[PDB]
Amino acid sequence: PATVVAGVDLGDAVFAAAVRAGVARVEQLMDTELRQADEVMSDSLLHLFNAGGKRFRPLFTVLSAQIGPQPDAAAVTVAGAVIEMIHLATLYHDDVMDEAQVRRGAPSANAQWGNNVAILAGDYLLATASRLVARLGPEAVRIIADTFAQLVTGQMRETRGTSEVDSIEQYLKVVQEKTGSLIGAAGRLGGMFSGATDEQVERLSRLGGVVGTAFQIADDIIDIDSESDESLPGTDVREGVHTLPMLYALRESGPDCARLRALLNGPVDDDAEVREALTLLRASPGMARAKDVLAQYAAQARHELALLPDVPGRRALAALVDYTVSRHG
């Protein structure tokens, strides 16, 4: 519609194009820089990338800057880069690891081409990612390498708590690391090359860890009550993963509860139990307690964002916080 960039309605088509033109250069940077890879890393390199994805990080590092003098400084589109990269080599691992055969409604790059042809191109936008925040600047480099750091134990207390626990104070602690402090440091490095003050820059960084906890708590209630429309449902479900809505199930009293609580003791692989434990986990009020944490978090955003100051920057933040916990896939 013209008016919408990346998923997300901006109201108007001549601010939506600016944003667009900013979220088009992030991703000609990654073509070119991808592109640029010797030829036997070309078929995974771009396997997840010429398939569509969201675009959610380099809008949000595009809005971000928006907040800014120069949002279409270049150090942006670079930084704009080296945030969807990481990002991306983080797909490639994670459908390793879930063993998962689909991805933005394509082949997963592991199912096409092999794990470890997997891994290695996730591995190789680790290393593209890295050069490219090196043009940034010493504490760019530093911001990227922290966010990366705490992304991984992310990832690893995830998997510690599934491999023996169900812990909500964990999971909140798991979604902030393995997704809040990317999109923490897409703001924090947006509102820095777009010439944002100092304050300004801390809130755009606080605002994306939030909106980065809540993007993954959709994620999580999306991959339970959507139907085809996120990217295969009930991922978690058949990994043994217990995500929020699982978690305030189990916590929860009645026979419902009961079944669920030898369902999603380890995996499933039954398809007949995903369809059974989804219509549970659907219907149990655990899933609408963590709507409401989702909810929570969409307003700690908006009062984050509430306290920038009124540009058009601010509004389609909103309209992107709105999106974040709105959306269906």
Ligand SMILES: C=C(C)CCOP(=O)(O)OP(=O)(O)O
Contents of the next structure:
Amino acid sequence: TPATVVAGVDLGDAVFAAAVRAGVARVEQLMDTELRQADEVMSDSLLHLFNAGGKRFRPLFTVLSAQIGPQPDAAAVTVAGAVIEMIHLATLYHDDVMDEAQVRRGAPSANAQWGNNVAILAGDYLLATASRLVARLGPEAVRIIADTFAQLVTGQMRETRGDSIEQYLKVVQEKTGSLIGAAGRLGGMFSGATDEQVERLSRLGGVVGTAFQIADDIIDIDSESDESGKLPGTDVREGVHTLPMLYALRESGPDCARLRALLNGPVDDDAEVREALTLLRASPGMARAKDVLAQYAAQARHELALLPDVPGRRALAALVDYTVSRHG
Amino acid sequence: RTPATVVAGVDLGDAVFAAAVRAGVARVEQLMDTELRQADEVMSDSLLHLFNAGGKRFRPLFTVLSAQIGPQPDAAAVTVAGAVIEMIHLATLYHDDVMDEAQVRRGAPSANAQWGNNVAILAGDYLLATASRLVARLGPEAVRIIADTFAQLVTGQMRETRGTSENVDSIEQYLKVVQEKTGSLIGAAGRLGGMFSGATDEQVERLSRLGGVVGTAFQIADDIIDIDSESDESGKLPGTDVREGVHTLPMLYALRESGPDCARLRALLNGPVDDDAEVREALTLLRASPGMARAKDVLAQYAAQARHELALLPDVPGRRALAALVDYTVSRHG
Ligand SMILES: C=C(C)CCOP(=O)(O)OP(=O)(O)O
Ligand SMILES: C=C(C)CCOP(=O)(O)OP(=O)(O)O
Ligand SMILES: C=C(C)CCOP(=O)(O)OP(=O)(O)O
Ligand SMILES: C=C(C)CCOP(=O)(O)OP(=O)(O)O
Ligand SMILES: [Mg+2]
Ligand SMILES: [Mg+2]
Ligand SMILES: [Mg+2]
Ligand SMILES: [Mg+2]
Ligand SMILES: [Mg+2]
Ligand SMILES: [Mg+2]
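So the form solved without the named molecule is up there; where is the form deposited with the named molecule bound?
Now the complete complex, all chains and molecules, led by this one.
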């Protein structure tokens, strides 16, 4: 693992990487401290996912966004990182209940080990914790995080009420773009970046988050649990039709009637899920989804290009390549 | 059928006072209605489902009555506080109905019966964002109070579902749980009502203490209502605690009795009960148990404590209405 690599992204320079690595570690320490302040009745459920792993993509994105401003190591950037990751963690607790996930980060899901009730409450406690933490940053950050969480939940809700491509693109911008947008906005604000750099990092975050979710939906089909830390074909199993599945479902082919039959609702038979994965992996619809993913990567590169010629810009460019190429 | 608003079920005192209080609670309602209707269309059905079905609006009334202690009871900030408290309450009902597998709330299908657990989970999560954005209007002190209050409420819910291996008396553990899951939020209603009405530091602390005691009484009443009320009285199905395996105060005292009726109840309550005839039998035994009398004695002790708490407030109409609200807390049948 190269010394220039932090949370899977080659940042290109070992001293810059060490600084970003330290920034991501400070976020981890503030979260670890806040989770361990909880009542003993909360502690085990709260540590369950936190200690299992996770890429810390959102702390990395926050810290890289803060590298654009003149105070990237500001205490307030660490608080912003911790707020974003706390919200992210809260959403995994609820999302794994909603998707009936048995595995998360290569271990039993919070709901598999503790049950849905403990998982729902662990997620609610993390949202209270995020709320107390963001209060430290002032009223503008409080409003950004409340609005951000409203958007994220709107996306989750839009997905559940939900085969439309435009609806899917609104879902992923809401449920995944909004929070990475907020990470960029807050990393910019609390590093002392300019108003213009703050808006550019927010737009970048939103596009990166959209790309991130499309890659997640591809990972659902193309990755094995060894790389993803979760069960492939969860979207097939739950009847969530993501972009590769929507494009596969618009194909004509000797197996397309069979795939239409398999994906016509939730799939509770694991062998049928595996059969649907075989058909999806071979579908030209997968290449169509990957081409859309590349279009979002191109939009993100268009956004970040007008940041300054500073290590943070190169590091964001490498993060965009990681967002779309990662296997987990 | 579902219980009426608390403001319709108490003697508020003189007409000029009843006027002022009814209007205060209506302003809370009007602000919540507006805030719920600003959500994206995709949220709208689920966010309005429980709010429109009914609910007693106990917590708006508690906030408004707490504000009558202060010299600015009708301040816009009091209305905001009342809406924030009820928005948090509403969020907890969406999650609690999922966790308790409740099919009925406020005389309607629960949000989870209507749309499934996922819609209810997300409607609850959204309401937290709404409450958060509203309380931001009141400043950082209020933001912190609501964060800590929600954290405590959630801790109480977790403590109920997890149980404990600590050396605690079951009644002692029960009282700690209900103080967290129900007391914290009514205490916060007293605190914010006192704060934003300009009440003294001592009055603010007293109202917070009063709300905590009233919330204990409120939850003991809720646990009795689960056994003793029919669905037309409570707006929900009796015997949910028996079905889910939650041992409430009447159940804890019922199981300390000796004899065959206790043996029969002990067998029925050994875990969750899914058979409707067994749930009815347990309810019959619980209604008849001296354990129910013991639970009502504790309810009466908390009513007396609440009367003692509110006696430290000034001799003003708000105080007399808070006394009527204590009486309602323990006398209601939904
Ligand atoms: C929004 C999505 C796709 C949930 C998973 O997020 P990550 O893939 O960032 O999960 P962890 O690395 O935190 O485990
Ligand atoms: C936590 C969020 C916002 C949900 C992301 O969508 P997914 O449901 O596809 O995420 P994974 O469970 O696949 O990580
Ligand atoms: C804390 C508890 C017992 C949940 C129900 O509260 P209420 O009995 O006040 O419910 P609504 O009137 O708002 O429906
Ligand atoms: C919403 C909260 C804090 C739960 C109160 O306990 P219950 O689970 O007994 O409340 P009901 O469902 O009976 O209203
Ligand atoms: Mg999921
Ligand atoms: Mg999901
Ligand atoms: Mg996924
Ligand atoms: Mg319940
Ligand atoms: Mg409950
Ligand atoms: Mg109850």
